[PDB]
Structures are given as structure tokens and as C-alpha cells.
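Starting from the structure of chain C, add chain A where the hints point.
For reference, the chains in residue letters:
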Amino acid sequence: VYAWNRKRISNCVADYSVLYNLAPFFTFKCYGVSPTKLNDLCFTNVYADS
Amino acid sequence: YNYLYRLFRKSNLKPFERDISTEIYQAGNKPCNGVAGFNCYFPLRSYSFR
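In the order they appear, the protein sequences are chains C and A. According to the deposited numbering, the stretch in the first sequence is residues 350 to 399, in order. According to the deposited numbering, the stretch in the second sequence is residues 449 to 498, in order.
If we strip away everything but chain C, and leave its shape as in the complex, we get:
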């Protein structure tokens, strides 16, 4: 966590159903946007931390 890596994902399509349908014991405390309206529309400059 002190050196949290930043991963940028671009030039592809990001399907969120894979995350929803696998490893069932995860929490989804998203803020500001609903997963269904995450799927119907989209955005740019995917940034992923870990």
C-alpha cells in the first residue's frame, strides 16, 4: 500500500461482467456511478491501482 502501483489501461474494451461473475466474495463500494450505467455508457483513461 505504501508503493501502490498505478496501472493504466487503454486502447481496448473493458468488460466488467468478468469481475462481477468471478471470485464471489468481493465488495463493490463504488462511488458516483452505478455498475449498470457503468456498462451501458463508458468513459476514458482507465486507471487501476493495487
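It is possible that part of the hints are untrue.
Label-pair distances were calculated between CB atoms; the ranges are [claimed, not checked]:
1) C:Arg355 / A:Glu465: 40 to 50 angstroms
2) C:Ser359 / A:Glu465: 36 to 46 angstroms
3) A:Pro479 / C:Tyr351: 33 to 43 angstroms
4) C:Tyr380 / A:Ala484: 12 to 22 angstroms
5) A:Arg466 / C:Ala372: 29 to 39 angstroms
6) A:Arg493 / C:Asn360: 30 to 40 angstroms
7) C:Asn360 / A:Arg498: 40 to 50 angstroms
8) C:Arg355 / A:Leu461: 32 to 42 angstroms
9) A:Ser496 / C:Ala397: 26 to 36 angstroms
10) C:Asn388 / A:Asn450: 28 to 38 angstroms
11) C:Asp398 / A:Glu465: 17 to 27 angstroms
12) C:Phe375 / A:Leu461: 21 to 31 angstroms
Hints were generated in silico from the structure; no laboratory data involved. Even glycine gets a Cβ: it sits at the ideal position worked out from N, Cα and C.
Just chain A now, kept in the frame of chain C:
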């Protein structure tokens, strides 16, 4: 915490329509109908004004 707000639902509201039903919305395909971190999560949240 007495003030509660709904951000998660299947469909939009018609003008001047009130929704009071508290049914957990299922992001996943399977309607598990059980409170969890992600699956069958409670639809309306509560604020914490301070």
C-alpha cells in the same frame, strides 16, 4: 442517519412518482436475495451528516 437516499434501482421514476419499496437490487445475474458485499446489495443508502 435518519435521512436515507436511493442510488440503485432497476428503472427510472416517472415524474411526480414516489418509490418506497425496499427491495435489494441484484447486480449479478443470479437473484441471490441475500445481503452481501456485492451480490443482492441493499438499494438505498444513509447519509452521515456531520
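Results of checking the hints against the structure:
1. For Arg355 (chain C) and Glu465 (chain A), the Cβ-Cβ distance of about 43 angstroms falls inside the hinted range of 40 to 50 angstroms, so the restraint holds.
2. At about 41 angstroms, the beta-carbon gap between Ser359 (chain C) and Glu465 (chain A) stays in the expected band of 36 to 46 angstroms.
3. For the hinted restraint 33 to 43 angstroms between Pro479 (chain A) and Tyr351 (chain C), the CB-CB distance of approximately 41 angstroms keeps it satisfied.
4. Between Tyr380 (chain C) and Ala484 (chain A) the Cβ separation comes to about 19 angstroms, which falls inside the hinted range of 12 to 22 angstroms.
5. In this structure the supplied range 29 to 39 angstroms holds for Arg466 (chain A) paired with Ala372 (chain C), their Cβ-Cβ distance being about 38 angstroms.
6. Checked against the hint of 30 to 40 angstroms, the pair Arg493 (chain A) and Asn360 (chain C) passes, with Cβ atoms roughly 35 angstroms apart.
7. Hint check: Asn360 (chain C) to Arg498 (chain A), Cβ distance near 43 angstroms, so the stated range 40 to 50 angstroms holds.
8. For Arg355 (chain C) paired with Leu461 (chain A), a C-beta distance near 39 angstroms keeps the hint of 32 to 42 angstroms intact.
9. Distance hint check for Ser496 (chain A) and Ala397 (chain C): the Cβ-Cβ separation is about 28 angstroms, which falls inside the suggested range of 26 to 36 angstroms.
10. In this structure, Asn388 (chain C) and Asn450 (chain A) meet the distance hint of 28 to 38 angstroms, their C-beta atoms being roughly 33 angstroms apart.
11. The hinted range of 17 to 27 angstroms is not satisfied by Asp398 (chain C) and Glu465 (chain A), whose Cβ atoms lie roughly 40 angstroms apart.
12. Distance hint check: the CB atoms of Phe375 (chain C) and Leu461 (chain A) are about 30 angstroms apart, consistent with the given range 21 to 31 angstroms.
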